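As a starting point, one isolated chain is supplied in structure tokens, in the form deposited in one PDB entry.
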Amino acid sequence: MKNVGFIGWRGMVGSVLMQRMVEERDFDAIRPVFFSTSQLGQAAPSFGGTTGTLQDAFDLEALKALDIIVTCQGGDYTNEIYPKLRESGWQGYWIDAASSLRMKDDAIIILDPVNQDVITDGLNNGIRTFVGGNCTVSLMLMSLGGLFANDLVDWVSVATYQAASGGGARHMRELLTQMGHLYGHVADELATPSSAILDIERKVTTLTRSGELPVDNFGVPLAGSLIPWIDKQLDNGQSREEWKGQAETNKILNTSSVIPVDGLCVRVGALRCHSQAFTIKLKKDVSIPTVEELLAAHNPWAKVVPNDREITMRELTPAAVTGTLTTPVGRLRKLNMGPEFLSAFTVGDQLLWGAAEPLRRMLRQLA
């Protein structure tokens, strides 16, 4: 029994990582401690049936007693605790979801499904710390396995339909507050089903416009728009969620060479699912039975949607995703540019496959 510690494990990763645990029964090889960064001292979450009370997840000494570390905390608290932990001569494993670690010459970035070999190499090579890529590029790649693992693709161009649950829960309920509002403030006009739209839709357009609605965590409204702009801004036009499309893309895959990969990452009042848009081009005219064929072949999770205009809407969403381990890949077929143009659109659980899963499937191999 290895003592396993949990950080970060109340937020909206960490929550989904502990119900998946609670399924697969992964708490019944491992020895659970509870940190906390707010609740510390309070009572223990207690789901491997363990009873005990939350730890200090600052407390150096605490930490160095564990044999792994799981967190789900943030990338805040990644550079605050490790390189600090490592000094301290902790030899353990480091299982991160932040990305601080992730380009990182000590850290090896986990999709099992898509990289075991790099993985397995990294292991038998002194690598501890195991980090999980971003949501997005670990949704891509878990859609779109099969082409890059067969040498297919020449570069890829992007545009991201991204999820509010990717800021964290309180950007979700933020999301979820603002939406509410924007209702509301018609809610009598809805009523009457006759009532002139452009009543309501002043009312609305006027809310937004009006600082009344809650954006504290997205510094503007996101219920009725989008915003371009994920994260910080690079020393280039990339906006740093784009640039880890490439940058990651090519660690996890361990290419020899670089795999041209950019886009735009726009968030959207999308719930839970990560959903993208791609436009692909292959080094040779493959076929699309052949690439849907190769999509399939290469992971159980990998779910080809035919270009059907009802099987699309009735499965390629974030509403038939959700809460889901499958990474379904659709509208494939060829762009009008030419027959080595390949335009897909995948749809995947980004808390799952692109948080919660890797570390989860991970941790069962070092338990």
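Whichever C-alpha set is largest while still superposing within 1.5 Å between the two forms counts as the rigid core. Numbering follows the first chain given and starts at 1. First, how it differs from the form deposited in another entry.
- Lining up the core between these two forms shows that one residue from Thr129, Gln276, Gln178, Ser99 moves its Cα 2 Å or more, and that residue is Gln178.
- After superposing the rigid core, the C-alpha of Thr37 moves by 2 Å or more between these two forms.
- Comparing the forms between these two forms, the C-alpha position of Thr208 differs by 2 angstroms or more, with the core used for superposition.
- Once the rigid core is used as the reference frame, the Cα position of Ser257 differs between these two forms by less than 2 Å.
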The other form holds:
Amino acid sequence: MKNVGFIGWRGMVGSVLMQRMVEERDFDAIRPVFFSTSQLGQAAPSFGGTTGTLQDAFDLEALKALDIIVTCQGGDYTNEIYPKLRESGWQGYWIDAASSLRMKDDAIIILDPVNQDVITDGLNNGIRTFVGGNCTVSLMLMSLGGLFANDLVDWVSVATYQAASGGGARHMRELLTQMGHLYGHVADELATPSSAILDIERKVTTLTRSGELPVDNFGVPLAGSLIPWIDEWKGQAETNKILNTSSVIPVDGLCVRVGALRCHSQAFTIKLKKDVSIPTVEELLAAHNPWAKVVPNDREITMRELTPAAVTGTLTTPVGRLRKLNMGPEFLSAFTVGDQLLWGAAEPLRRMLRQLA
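For comparison with the form deposited in one PDB entry, please write out the form deposited in another entry.
Shown next is a single chain and nothing more.
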């Protein structure tokens, strides 16, 4: 068994990765070693039914001893340790969630259901650095894979409805907290059927502007609002790198933060390179991978499936609202949904590790 080291497994993304792994009995084929900056020496998580102790995540020697390293610690860590190891000659595998190395020439952005061939190739060409990509690019590709995989995309226009998990656990709590600030502030009136909505709405509108609303992480309120700003914006580089395209496929738009917990939803306007019937596109998208669930353009089903409430916590990345826009049948529209913590973050790592195990 190869010796695999895990960093930042306590964090949220880390937590999802562990849970997922436990679920797929990922620890069975490997030797897990756990790191932490806090209690080096204390009991080890014992996810792989293992019995050990926490190693120093900042001890180069302990890291050099590993065959593979899976970090969910962030770019601050990666930007410090990675070069120290590589420059020291360490030739082990590095699986990162942080963006820091995504654009390195000796690194590959991983998304096997989409670019497995690029991974296997690079694997054989001596690439020992694999990084997960943008939470939005990832989900977009998981959904629209069939279209890109058939060289049918000219460029992509996007508008996103991003979740709080994209910011962090703190952001997710804030959202949920503000959600209770608005309701309570009008609990009574809402209880009484004989109340004036405008009076109800004037109270919350005010509160929202008062300052009594916790906005530390977000800066501005999110509950009952949105933020057209997210602290290559859109992932054109990563998108093209993940697909190892021949020509550049423009990918631009606007990213917006909405009051969701984990799912990232996106509205697209894809300029097809050739007039393809919608049914064909339905087939193409449906085939590519088993997670790109195609939702017919019907009212009922769309409301049932194509929503965060439906996707959250699942590995499904549904595509819907597929139809040709008025600007020409060479124009396609699609709306996708997908959990950010899974395919948008950990899932790709979990599977890369499986490949190298």
